[PDB]
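**Student:** Chain by chain, the residues:
There are 2 protein chains.
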Amino acid sequence: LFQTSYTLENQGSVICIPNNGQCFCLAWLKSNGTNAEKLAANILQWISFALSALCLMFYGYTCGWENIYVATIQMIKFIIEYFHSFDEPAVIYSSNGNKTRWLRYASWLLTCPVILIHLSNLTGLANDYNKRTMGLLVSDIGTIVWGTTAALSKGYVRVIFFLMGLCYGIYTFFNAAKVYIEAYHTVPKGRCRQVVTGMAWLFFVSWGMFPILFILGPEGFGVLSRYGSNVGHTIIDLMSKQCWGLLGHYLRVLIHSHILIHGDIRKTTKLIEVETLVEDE
Amino acid sequence: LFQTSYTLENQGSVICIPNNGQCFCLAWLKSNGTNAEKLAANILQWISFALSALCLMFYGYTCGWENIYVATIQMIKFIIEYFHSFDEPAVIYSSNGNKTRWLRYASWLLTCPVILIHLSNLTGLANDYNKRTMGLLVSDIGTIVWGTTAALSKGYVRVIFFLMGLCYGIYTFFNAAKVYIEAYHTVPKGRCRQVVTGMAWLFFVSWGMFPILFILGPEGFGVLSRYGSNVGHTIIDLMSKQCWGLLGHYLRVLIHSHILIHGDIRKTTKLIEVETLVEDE
Ligand SMILES: *C/C=C(C)/C=C/C=C(C)/C=C/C1=C(C)CCCC1(C)C
Ligand SMILES: *C/C=C(C)/C=C/C=C(C)/C=C/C1=C(C)CCCC1(C)C
Ligand SMILES: [Cl-]
Ligand SMILES: [Cl-]
Numbered sequence: 051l052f053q054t055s056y057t058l059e060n061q062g063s064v065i066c067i068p069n070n071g072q073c074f075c076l077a078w079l080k081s082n083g084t085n086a087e088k089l090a091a092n093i094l095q096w097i098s099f100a101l102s103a104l105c106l107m108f109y110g111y117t118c119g120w121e122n123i124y125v126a127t128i129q130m131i132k133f134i135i136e137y138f139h140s141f142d143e144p145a146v147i148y149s150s151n152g153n154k155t156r157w158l159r160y161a162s163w164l165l166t167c168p169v170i171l172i173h174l175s176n177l178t179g180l181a182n183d184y185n186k187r188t189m190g191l192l193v194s195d196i197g198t199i200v201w202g203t204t205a206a207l208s209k210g211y212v213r214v215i216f217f218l219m220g221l222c223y224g225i226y227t228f229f230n231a232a233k234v235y236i237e238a239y240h241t242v243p244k245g246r247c248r249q250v251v252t253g254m255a256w257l258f259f260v261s262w263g264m265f266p267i268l269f270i271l272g273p274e275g276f277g278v279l280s281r282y283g284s285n286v287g288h289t290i291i292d293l294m295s296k297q298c299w300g301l302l303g304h305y306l307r308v309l310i311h312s313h314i315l316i317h318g319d320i321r322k323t324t325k326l333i334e335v336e337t338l339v340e341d342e
Numbered sequence: 051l052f053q054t055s056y057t058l059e060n061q062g063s064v065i066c067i068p069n070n071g072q073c074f075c076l077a078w079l080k081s082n083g084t085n086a087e088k089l090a091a092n093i094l095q096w097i098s099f100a101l102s103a104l105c106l107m108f109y110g111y117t118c119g120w121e122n123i124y125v126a127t128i129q130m131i132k133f134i135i136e137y138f139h140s141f142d143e144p145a146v147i148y149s150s151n152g153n154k155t156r157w158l159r160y161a162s163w164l165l166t167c168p169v170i171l172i173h174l175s176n177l178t179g180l181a182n183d184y185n186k187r188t189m190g191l192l193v194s195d196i197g198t199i200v201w202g203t204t205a206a207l208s209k210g211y212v213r214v215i216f217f218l219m220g221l222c223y224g225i226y227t228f229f230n231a232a233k234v235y236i237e238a239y240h241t242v243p244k245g246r247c248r249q250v251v252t253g254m255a256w257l258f259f260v261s262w263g264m265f266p267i268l269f270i271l272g273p274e275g276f277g278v279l280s281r282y283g284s285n286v287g288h289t290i291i292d293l294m295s296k297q298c299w300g301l302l303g304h305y306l307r308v309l310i311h312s313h314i315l316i317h318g319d320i321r322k323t324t325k326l333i334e335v336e337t338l339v340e341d342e
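Top line first, the protein sequences correspond to chains A and A'. A prime marks a further copy of an entry chain.
The authors' numbering puts the first sequence at residues 51 to 111, 117 to 326, 333 to 342.
The authors' numbering puts the second sequence at residues 51 to 111, 117 to 326, 333 to 342.
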């Protein structure tokens, strides 16, 4: 790792370290949090792992490849997180004293665009999508790029890249809302419109907490510890990925049964015009 | 920045640094390269900047939003690269002695998926694309995620994530080849099939050099310096982005004139079946 043993000299003005080839920085030696927050984070890690495990078991029984991918990444991430939750480069101890959780932002790069692809095809009916789908993806990747760059930076540079990620996040939400709106008027009138509304609530609430936790954590004003920031991120990761994929799976199941019982019947409704699934011709 | 002045003590077994709050590591003080390689890198930076500037001027005269985006990111990157080419976090000096060019991998996260979106719609004829487009994007993002994780890691961990990025890169090339193949038999028989073949050559050659430069550079066996690695990356960035977008723009221009002179005429050809643009009905 890095140097953790040192001697102060010359009345606290000189620091002497062993010439063992390791790197040294006092900022890296600050506490990550309390032992209660550590154990609380370790508890939610198994809860999210057991869910991801029970999801892969459940998903194994068209193809919901989106849910399989983020669940495979999720439990692979837990295997990495169980052994090296704070080692390099799972946590990047950079030369400016920062601690940046690359394990979190890498998993966002792996899973967040896949969820928006699922959002771009909520019904799952073959090659649907739209041209705004590329807009949802180009903006979300930039959101995580600026957020990672802001978490790595300090001072004004961090604020600049945080506001750049915030503008990309605003473009992501608005385009996502218009996807949820069209999907609401496309799915049948029954219980399908219920989960579509429920998926939207889980989406904007969980996705909205990530910029909130960025401000409250060490990357911001430090009202949360590093262990405290891992607890909140696990909660909204459990909502935005495991629970959101469960509902999206439940929606596509209700769609497939509707298409097999009543056929694929479309009634054009004006909003933009949507081909709504109906029961009778 | 970090500590660059230090005193050796106790016959080279103790390193003493000022207690100024800065971080210290001997590995961060290694040379980036020779002054000739520095000036050679600075020369290609203006050449790629002037091209990106002359491209934005040229592009300003459906909508080729893909070329506009990577060109805007390219010259914004040059502004960042001109002032802080080796500052934090443009270059991440991590606690394990590594130097990782996050400026390069962040620009890849911003531009590489946008190019594959352009590849997914070479003709530019409205909402074309396919379902493999999401496969091209999910695999390429993972490629850069594993490559960044490998560049941040050391030893066996670096090799694991490099091979994980290599498998994602293999999936990316094969799906990209089938896109180029279908595009060749879809565009008209004239000069359009010429640039389509030319775009494919620039693609796999430039994209193929990035794993090659990863091995030859500091992230690999160190046959290239850090300045030497920046020169090679600039050359293949100039090919894969500026030149590839110029040809893709030239292709979409030749397609639009063909659609306005001869109309949109399709003749189904078997390969998979493709609707080929023809002149006469
Ligand atoms: C499963 C994890 C998910 C869905 C994370 C989503 C995270 C965001 C939408 C983060 C957004 C941010 C901004 C919009 C402002 C810039 C910094 C943030 C990146 C973290
Ligand atoms: C404009 C820059 C581009 C198009 C860069 C493309 C880079 C790659 C395709 C890199 C691929 C890599 C692998 C396939 C193995 C893992 C490490 C690499 C990421 C750098
Ligand atoms: Cl952390
Ligand atoms: Cl570098």
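Heads up, some of the hints might be wrong.
Put simply, identical chains are the same to the list, so a pair is met inside one copy or across any two.
What the hints assert, rightly or not - Derived DSSO-like pairs: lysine-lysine, alpha-carbon spacing no greater than 30 Å straight-line:
hint: 1; residue 1: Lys325; residue 2: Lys186
hint: 2; residue 1: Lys233; residue 2: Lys325
hint: 3; residue 1: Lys322; residue 2: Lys186
hint: 4; residue 1: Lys325; residue 2: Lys88
hint: 5; residue 1: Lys209; residue 2: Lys322
hint: 6; residue 1: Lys233; residue 2: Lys186
hint: 7; residue 1: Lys322; residue 2: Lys80
hint: 8; residue 1: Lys244; residue 2: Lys88
hint: 9; residue 1: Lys322; residue 2: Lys244
hint: 10; residue 1: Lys233; residue 2: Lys322
hint: 11; residue 1: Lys80; residue 2: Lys325
hint: 12; residue 1: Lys233; residue 2: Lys209
hint: 13; residue 1: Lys154; residue 2: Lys322
hint: 14; residue 1: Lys80; residue 2: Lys209
hint: 15; residue 1: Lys88; residue 2: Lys186
What the hints contain is simulated information worked out from the structure, not anything from laboratory work.
**Student:** Give me the numbers of the hints this structure contradicts, sorted from smallest to largest.
**Tutor:** Failing hints, ascending: 4, 5, 7, 8, 11, 12, 13 and 15.
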